[PDB]
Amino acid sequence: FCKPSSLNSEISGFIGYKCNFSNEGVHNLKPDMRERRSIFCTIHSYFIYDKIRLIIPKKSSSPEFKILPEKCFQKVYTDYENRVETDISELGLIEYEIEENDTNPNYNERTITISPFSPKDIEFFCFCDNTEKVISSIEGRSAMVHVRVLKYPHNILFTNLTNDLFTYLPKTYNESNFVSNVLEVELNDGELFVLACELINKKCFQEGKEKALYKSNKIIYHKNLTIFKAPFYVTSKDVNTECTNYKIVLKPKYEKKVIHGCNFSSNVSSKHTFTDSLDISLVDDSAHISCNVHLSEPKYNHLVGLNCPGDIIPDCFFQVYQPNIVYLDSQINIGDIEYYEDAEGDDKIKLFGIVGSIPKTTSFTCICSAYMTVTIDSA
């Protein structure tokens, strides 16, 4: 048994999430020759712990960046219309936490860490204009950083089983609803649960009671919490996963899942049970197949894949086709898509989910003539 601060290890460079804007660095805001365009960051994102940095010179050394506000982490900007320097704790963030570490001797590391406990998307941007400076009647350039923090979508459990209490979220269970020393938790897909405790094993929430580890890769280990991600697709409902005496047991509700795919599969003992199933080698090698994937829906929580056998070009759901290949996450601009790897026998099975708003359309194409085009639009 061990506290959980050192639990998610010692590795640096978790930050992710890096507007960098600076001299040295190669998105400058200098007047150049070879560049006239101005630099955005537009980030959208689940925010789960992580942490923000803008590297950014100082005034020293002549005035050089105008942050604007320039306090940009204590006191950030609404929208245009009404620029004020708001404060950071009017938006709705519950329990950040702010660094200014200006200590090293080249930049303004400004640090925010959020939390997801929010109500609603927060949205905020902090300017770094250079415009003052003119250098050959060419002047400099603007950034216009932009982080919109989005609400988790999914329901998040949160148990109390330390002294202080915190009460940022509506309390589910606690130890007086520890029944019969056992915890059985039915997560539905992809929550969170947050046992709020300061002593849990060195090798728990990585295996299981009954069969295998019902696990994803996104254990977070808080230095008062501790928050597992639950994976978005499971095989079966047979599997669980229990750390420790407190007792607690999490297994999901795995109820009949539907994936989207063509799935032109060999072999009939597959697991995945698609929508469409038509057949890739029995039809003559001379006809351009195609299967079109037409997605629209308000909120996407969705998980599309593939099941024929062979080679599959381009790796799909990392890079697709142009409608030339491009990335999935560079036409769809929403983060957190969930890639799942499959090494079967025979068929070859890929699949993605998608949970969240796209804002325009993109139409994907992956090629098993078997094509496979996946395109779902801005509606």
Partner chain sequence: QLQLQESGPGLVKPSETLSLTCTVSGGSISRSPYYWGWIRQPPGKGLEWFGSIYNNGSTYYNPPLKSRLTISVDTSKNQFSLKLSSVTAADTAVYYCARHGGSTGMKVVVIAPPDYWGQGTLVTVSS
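So that the term is clear: the rigid core is the largest set of C-alpha atoms that superpose within 1.5 Å between two forms. Positions refer to the first chain, counted from 1. What changes on going to the form solved in complex with the partner chain:
- Looking at CA displacements between the two forms with the core superposed, a shift of 2 Å or more is confined, among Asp285, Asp79, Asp87, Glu186, to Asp285.
- Comparing the forms between the two forms, the C-alpha position of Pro170 differs by 2 angstroms or more, with the core used for superposition.
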Given for the second form:
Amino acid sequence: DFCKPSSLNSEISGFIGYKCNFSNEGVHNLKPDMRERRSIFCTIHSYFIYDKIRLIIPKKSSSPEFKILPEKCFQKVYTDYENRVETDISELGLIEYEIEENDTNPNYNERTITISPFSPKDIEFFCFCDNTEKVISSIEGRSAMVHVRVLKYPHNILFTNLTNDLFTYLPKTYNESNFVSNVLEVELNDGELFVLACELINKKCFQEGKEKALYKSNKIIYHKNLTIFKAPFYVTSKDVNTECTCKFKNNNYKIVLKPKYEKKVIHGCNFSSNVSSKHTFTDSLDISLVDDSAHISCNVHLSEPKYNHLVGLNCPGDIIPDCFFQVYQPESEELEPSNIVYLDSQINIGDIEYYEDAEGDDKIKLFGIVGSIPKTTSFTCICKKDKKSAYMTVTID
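Please give the corresponding structure for the form solved in complex with the partner chain, as opposed to the form solved without the partner chain shown earlier.
We keep it simple here and write out only the one chain, dropping partners and molecules.
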């Protein structure tokens, strides 16, 4: 059932990307209005695994006042907020990016840029959309800006060169000669990309390892005969494998991925009475062994210029809110927290890697962060059992 990786994405009528819509008929329009009088910012600061950023604009004929700086955005991009210098995006250090400019639709013009995770540096580029020319009822129009920060992938990127083509754009690879009996077993750390190159792969490639249990990549991205396996951020067992197969050169080259080290010390609180849990938490305070008249409060403080670790919470009661997808606010000395915010907006860092588990009745919720937090933040989660409550407060610098 060998099919090309590009053919393993099926078909979807949606977009599945970073849509930054700016069109008069759209919700986030730019024509003058009395409800809103401020510009629109579409900020995307994160690493892209062959991901797409789209910049929908109105047609020139329909809205001649609308202008875009640079006019050929995603082909030439601004480099400074204040200097306003436009540079070709081919000289920005980008690797294997591409651009598409679709004008067939009679309502809007689409401008997509596809970006690869192989960049050797942290790139930043803007694209401004000026609509101040359009004035209606003596009211000036609003502007907009798309800011894109392509962060260099903060982990080692690996490559299997199993195709006849030469990939000079990225030189760290294993190539065909490193295979023993057409079987490769690579030991990777957490968050370690494996960009395998193969024209023909298995239909269920990187989804079912040869025995040794099985684990799931957070992403399996197929693009242009490239299969990207993103190594999981947190693992619990050692006997773990994932298998892929190729028929290149009339040989069934097998690839086996397996992490080697397990069970980081999770910076969290262990409210469960279980002392034999497969997880290892920094703190510990039983909630079932404390009496009803006691409020449990534990704090996890983290301080590092760069983060690679996690924050977790294991408890046998119910967890409020649905941590760690949503969290509370720092409401201390006033009342018990009752407002719900998203963790992604609470910490102001993208691509946070969540995790959930149910060890018997013990609900365990974790989120791991890689990178640098802009500003120091704090948040709380509550675990309630019967009438007793435990407040875990994370303070991340």
